[PDB]
Amino acid sequence: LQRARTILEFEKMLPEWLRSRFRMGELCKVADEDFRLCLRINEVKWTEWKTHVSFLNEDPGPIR
Amino acid sequence: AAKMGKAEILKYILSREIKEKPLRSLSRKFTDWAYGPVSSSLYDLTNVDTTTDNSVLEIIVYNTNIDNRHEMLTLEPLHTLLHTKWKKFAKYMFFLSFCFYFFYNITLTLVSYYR
Amino acid sequence: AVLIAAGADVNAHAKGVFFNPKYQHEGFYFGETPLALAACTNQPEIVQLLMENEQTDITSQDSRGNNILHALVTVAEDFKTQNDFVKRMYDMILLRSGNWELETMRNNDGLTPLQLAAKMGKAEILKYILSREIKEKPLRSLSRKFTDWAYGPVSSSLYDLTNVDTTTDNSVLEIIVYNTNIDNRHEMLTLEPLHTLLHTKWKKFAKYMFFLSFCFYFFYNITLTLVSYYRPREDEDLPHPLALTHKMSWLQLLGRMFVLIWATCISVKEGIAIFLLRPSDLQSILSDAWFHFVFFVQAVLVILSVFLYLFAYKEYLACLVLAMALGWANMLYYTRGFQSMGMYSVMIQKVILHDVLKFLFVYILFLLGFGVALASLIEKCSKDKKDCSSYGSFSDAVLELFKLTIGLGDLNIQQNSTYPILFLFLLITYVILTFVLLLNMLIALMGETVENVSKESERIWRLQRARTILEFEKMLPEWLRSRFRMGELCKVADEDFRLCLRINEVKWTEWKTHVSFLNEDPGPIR
Amino acid sequence: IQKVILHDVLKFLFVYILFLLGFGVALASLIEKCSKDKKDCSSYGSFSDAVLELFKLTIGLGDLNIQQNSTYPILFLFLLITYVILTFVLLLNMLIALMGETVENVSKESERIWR
Ligand SMILES: CCCCCCCC/C=C/CCCCCCCC(=O)O[C@@H](COC(=O)CCCCCCCCCCCCCCC)COP(=O)([O-])OCC[N+](C)(C)C
Ligand SMILES: CCCCCCCC/C=C/CCCCCCCC(=O)O[C@@H](COC(=O)CCCCCCCCCCCCCCC)COP(=O)([O-])OCC[N+](C)(C)C
Ligand SMILES: CCCCCCCC/C=C/CCCCCCCC(=O)O[C@@H](COC(=O)CCCCCCCCCCCCCCC)COP(=O)([O-])OCC[N+](C)(C)C
Ligand SMILES: CCCCCCCC/C=C/CCCCCCCC(=O)O[C@@H](COC(=O)CCCCCCCCCCCCCCC)COP(=O)([O-])OCC[N+](C)(C)C
Ligand SMILES: CCCCCCCC/C=C/CCCCCCCC(=O)O[C@@H](COC(=O)CCCCCCCCCCCCCCC)COP(=O)([O-])OCC[N+](C)(C)C
Ligand SMILES: CCCCCCCC/C=C\CCCCCCCC(=O)O[C@@H](COC(=O)CCCCCCCCCCCCCCC)COP(=O)([O-])OCC[N+](C)(C)C
Ligand SMILES: CCCCCCCC/C=C\CCCCCCCC(=O)O[C@@H](COC(=O)CCCCCCCCCCCCCCC)COP(=O)([O-])OCC[N+](C)(C)C
Ligand SMILES: CCCCCCCC/C=C\CCCCCCCC(=O)O[C@@H](COC(=O)CCCCCCCCCCCCCCC)COP(=O)([O-])OCC[N+](C)(C)C
Ligand SMILES: CCCCCCCC/C=C\CCCCCCCC(=O)O[C@@H](COC(=O)CCCCCCCCCCCCCCC)COP(=O)([O-])OCC[N+](C)(C)C
Ligand SMILES: CCCCCCCC/C=C\CCCCCCCC(=O)O[C@@H](COC(=O)CCCCCCCCCCCCCCC)COP(=O)([O-])OCC[N+](C)(C)C
Ligand SMILES: CCCCCCCC/C=C\CCCCCCCC(=O)O[C@@H](COC(=O)CCCCCCCCCCCCCCC)COP(=O)([O-])OCC[N+](C)(C)C
Ligand SMILES: CCCCCCCC/C=C\CCCCCCCC(=O)O[C@@H](COC(=O)CCCCCCCCCCCCCCC)COP(=O)([O-])OCC[N+](C)(C)C
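Residue numbers (PDB author numbering), protein chains in the order written: chain A, 694 to 757; chain B, 348 to 462; chain C, 232 to 757; chain D, 579 to 693.
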């Protein structure tokens, strides 16, 4: 909690053309005509098995 | 929910996923790809990142009325978001603040001892 | 079942980048075959449906050289994050094959599935393999545990020592001890064919070679102390005893030539062991090879004290005194021979890393911070013409604050200060920050470190003694090594001899009728 | 009292005598002959005097004088500060922490041993 205050103080200090360069996430087409600028987190789960419905990409690799 | 400090409702909203097909636009968590145990996912950063004003990350950090403000930064779209800010631009601005202030106390000690 | 009966290939490999990644968060490595996918994803019905088909090649090897049994060892995890099915899939496939062909293949690194489980550090699979027992009569040759005789509660058993003892190269006992990448290397030496095997090596030849190393090194520090304390204290009496400076037929000349012979035999021997073991981790040298550097430094300073004496530089006392002080602090290595004094040296090594180094960083900040602010306040000492104050310089005000912490000397506040009240305010604030706060918080923080590592200090000690035993075993020649061999040949099955080890035990809670033994007569033979 | 002497005091007194006699020779072997001042130039002249001056520094009696008759005045300070860290900071504070374990175990049994 003490280090999180120090990070947000330095982010209000730097100018605008630095702030656009240091931006997180990328635009992802989520649904029909919707773009929401999401963040990506990977994980591994072993205990619960199921058949996979409701995904976005069929090809599971990293694109390019 | 961030201003009053409600932990269990804020955990539900920030990672909400609807599997049922006609109502999938209401989610904030989306499975990008999955193959066996390994899977990937996307977390929506629309009104939680600090790009706008009165963001959810800003309300939790600068809040003095609540007491569990340190248990609310372990939530999964907020823990990774503070780690990425430190790795790109905040661990270098913090090191430059240490060198300008350590050089400041040397040049104040030496001009007061070799007076 | 529809696709296999229609004529699909059941041997196709997936050789892609996604199916064989470079980082573990980008893909999923499973063994590249459709037999290995159905077993690594907990599907017992499709595995049984694939092995009955006569086209399924069950001994295939993928691009890494792995087979079906190497792939199950790679994707195994603990009990907490994965239930048990890797251990149950390892048993189903082996009992269906029915021979030793899968257990003895070698991949491109040159490792069997038994050796690979020790290299990567998989605890639950290695416990299953080293004590595996099949009661069913036609498949009893696949076991590594055999019941020799049993009568009531008392029974005996044999553990196979084929590829786990150190008779061959890259043994399972050698991989566990010399492994630095894993972290649970001290929980893997409590397994039942490995715990008894390290106890037998200590009882026959390792507790006597360890005692002879203590007597040759304790006699070495006596004959270095006495030749450096009873030195001739005259520059006109120039010849030192070492290096044989003057041939005078001096009585007790064997004492100061024993130093030169034994100091080079350490610096050559310890130079090799640093050359072979090449680490990059800072954590590795403070946990495995600390006592190889400090025996090498102590032997260099004795040799370097000889060349600077024959060149007559009057610097040799600064290298002999650093050899006596370092030499008697190295005697704390020989405490691992005892359980009581061995666990006590583990707790010293944890307190210095976790509690002392944090204390010594904050204390030097306060001692040098208040040392300038008291030395910059004292006026020039010429009005009393001699010795008006003890805080005249920075190098004197630091010394007077070091003596106030340990409690020596006297406290005089009538200095030559121009501000006598401000001098008391900075001196009392130093006493509160160090005598009250820091030196009492150090005792409270050591109460946490002791309370955590006391549940682990025994198993860290047995890992340290297991390294010492395997170093003495590589040193003795071949005709000693055949005499000190463990176990005996036991006819296990039809034309099979495996050189097993015997362990007795008593079990009361589970009763059964005894089938599948080796000897009918339960006594010790002869 | 009978449990602390067996488990904690005898282990402390074995490591402490190793350091007190180990650094006692290395400080007594560094002091030059005391004839140039003709009387009482140093207190570390012999092995039996350098041991006594290190015993008095642990319990906290007397005074600390570093202007001895040493030929190497910086090496004399390096071996004297290293003795203070190993005994005053490390060993005498680890003894109090290890007695906290022995008391916490035998206090559940000290009544039945008494009867
Ligand atoms: C004795 C005097 C000479 C010492 C050698 C030379 C000194 C340099 C030191 C070198 C060794 C440093 C530690 C070695 C191993 C690293 C990890 C570790 O265990 O450290 C631990 C604490 O350690 C600290 O917090 C040290 C911080 C202060 C360092 C400077 C003070 C030294 C005293 C000299 C005065 C000022 C010196 C001025 C320079 C600034 C990390 O905490 P942990 O989480 O509990 O450990 C878990 C292990 N893990 C992190 C790997 C997971
Ligand atoms: C386990 C421990 C291992 C490591 C311990 C190793 C060191 C431990 C021990 C250290 C003892 C050091 C004191 C003696 C040094 C010799 C004198 C000297 O060089 O001072 C000179 C410069 O000094 C100045 O003129 C002013 C000082 C400015 C810098 C100090 C600021 C403190 C910041 C600190 C915060 C950063 C550190 C944070 C923590 C890292 C002046 O000398 P003098 O006063 O003119 O003396 C003349 C003597 N005479 C009068 C008789 C002729
Ligand atoms: C006070 C001064 C005079 C003392 C008498 C003469 C001295 C000789 C000593 C004799 C008595 C020894 C112990 C008596 C009972 C044995 C078991 C025991 O409890 O010891 C315990 C610790 O004990 C140690 O670790 C001692 C190790 C250092 C001994 C030398 C230092 C003595 C100080 C003199 C300076 C150097 C002397 C130079 C000689 C080298 C064993 O640890 P434990 O597991 O917690 O105990 C469980 C009991 N059990 C093991 C049976 C299961
Ligand atoms: C609870 C405790 C019970 C047990 C405690 C019992 C003992 C505790 C107390 C002990 C006090 C001992 C000091 C006084 C002894 C008398 C002097 C003497 O004999 O020294 C002689 C030999 O000494 C030498 O010449 C060099 C020493 C070599 C051996 C020491 C190496 C240290 C290794 C140690 C590591 C191994 C041990 C590890 C741990 C066991 C020389 O004497 P001197 O210097 O010429 O003196 C002249 C005096 N005069 C100048 C005034 C005339
Ligand atoms: C509770 C306390 C604990 C903390 C203590 C911390 C230490 C604090 C120390 C406080 C007192 C030291 C300063 C006093 C000044 C003396 C005067 C002097 O000669 O200055 C000298 C200082 O030279 C040095 O720097 C000292 C050398 C040792 C440095 C620290 C030891 C390293 C420990 C690592 C071992 C780790 C062991 C591993 C264990 C894990 C320089 O000489 P000068 O500049 O020319 O001065 C002129 C004087 N004259 C005219 C007479 C020549
Ligand atoms: C890749 C990303 C890195 C780029 C990002 C940097 C771009 C930024 C551009 C502009 C930012 C605005 C600058 C404000 C200036 C005010 C000064 C001041 O008061 O102290 C400030 C200095 O701490 C800093 O702000 C350091 C950041 C860089 C300073 C300016 C660049 C000079 C570089 C020169 C090159 C030198 C050599 C270079 C060697 C190669 C902050 O003080 P504080 O400590 O925060 O306050 C006290 C703490 N408290 C909050 C608890 C009270
Ligand atoms: C029943 C079973 C017993 C038989 C087995 C013995 C046969 C063995 C035959 C040959 C082994 C090879 C000898 C190597 C010599 C090198 C010397 C050296 O450097 O130090 C070595 C001495 O430690 C030993 O190796 C002791 C073993 C016996 C030494 C030789 C026999 C002399 C006996 C004379 C009779 C005397 C009087 C006899 C009284 C009756 C090892 O040094 P270290 O301490 O290991 O290294 C430092 C620790 N470190 C690893 C952390 C860095
Ligand atoms: C190269 C310089 C070394 C000298 C120290 C310099 C101080 C600064 C440097 C490094 C900082 C010291 C931190 C120690 C980190 C390891 C802890 C440890 O070893 O614990 C040990 C306790 O024995 C001791 O180490 C306590 C005694 C302190 C060192 C002796 C000082 C000698 C006098 C100084 C004058 C001579 C000057 C010499 C030339 C400068 C036992 O722990 P362990 O459980 O056995 O762990 C080892 C694991 N292993 C067995 C598998 C290997
Ligand atoms: C002593 C202190 C005095 C002061 C010192 C000052 C410095 C002090 C520094 C550190 C203090 C620590 C002291 C160092 C002790 C090291 C020795 C050791 O490890 O003992 C061990 C063995 O050792 C024996 O007891 C062997 C038997 C002795 C007779 C050997 C005859 C010669 C070999 C014949 C040559 C053949 C032919 C030769 C030609 C080739 C103890 O073993 P154990 O615990 O009883 O075993 C129980 C096993 N258990 C643990 C599983 C339950
Ligand atoms: C009054 C006793 C004083 C010491 C006797 C000294 C002379 C004796 C001469 C011959 C007797 C040989 C048989 C003794 C075997 C055990 C000794 C013992 O009980 O010490 C105990 C404490 O001691 C230590 O751990 C500190 C090390 C120094 C003292 C031990 C020396 C014995 C080594 C023998 C050869 C070196 C000969 C050196 C020549 C000078 C040992 O602890 P432990 O109980 O074994 O812990 C493991 C056992 N456990 C699993 C059951 C827990
Ligand atoms: C957030 C907004 C902030 C805005 C304002 C920021 C600016 C800051 C403003 C003012 C700064 C403070 C005063 C500095 C200037 C005067 C210094 C001075 O004269 O020394 C005085 C002492 O000095 C002290 O009393 C110690 C200073 C610390 C303050 C004590 C509070 C701690 C409470 C702890 C409770 C204990 C309290 C009592 C402790 C003593 C007196 O010294 P003297 O020697 O007698 O005078 C010389 C005359 N003679 C030579 C003839 C004798
Ligand atoms: C793995 C591969 C290894 C290979 C290499 C192995 C070989 C080893 C190589 C070299 C060994 C070290 C040097 C010995 C030879 C010179 C001795 C000497 O001159 O004394 C020097 C001090 O001596 C020291 O500084 C203390 C020695 C310990 C090293 C400090 C590191 C601890 C870090 C703790 C941080 C604090 C560091 C600062 C602590 C002071 C200076 O003494 P002097 O009195 O000023 O000189 C006389 C002049 N006068 C009389 C006019 C004054």
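Because the hints were derived from the structure by calculation, they are not lab data. Just so you know, not all the hints are guaranteed correct.
Stated by the list, open to error - Distance condition first, Cα-Cα at most 30 Å in a straight line; then the derived DSS-like pairs of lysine-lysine:
| no. | chain 1 | residue 1 | chain 2 | residue 2 |
| --- | --- | --- | --- | --- |
| 1 | C | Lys311 | A | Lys738 |
| 2 | B | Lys435 | A | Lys743 |
| 3 | A | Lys738 | B | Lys368 |
| 4 | B | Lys376 | B | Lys432 |
| 5 | C | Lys366 | C | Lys376 |
| 6 | B | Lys350 | B | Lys368 |
Hints and how they fare:
1. C:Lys311 x A:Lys738: holds (12 Å)
2. B:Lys435 x A:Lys743: violated (37 Å)
3. A:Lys738 x B:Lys368: With Cα atoms ~23 Å apart, A:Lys738 and B:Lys368 stay inside 30 Å; holds.
4. B:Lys376 x B:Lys432: holds (21 Å)
5. C:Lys366 x C:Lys376: It holds: about 10 Å lies between the C-alpha atoms, which stays within 30 Å.
6. B:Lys350 x B:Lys368: Cα-Cα ~33 Å, so violated.
Checked against the numbered hints above, the structure violates hints 2 and 6; every other hint is satisfied.
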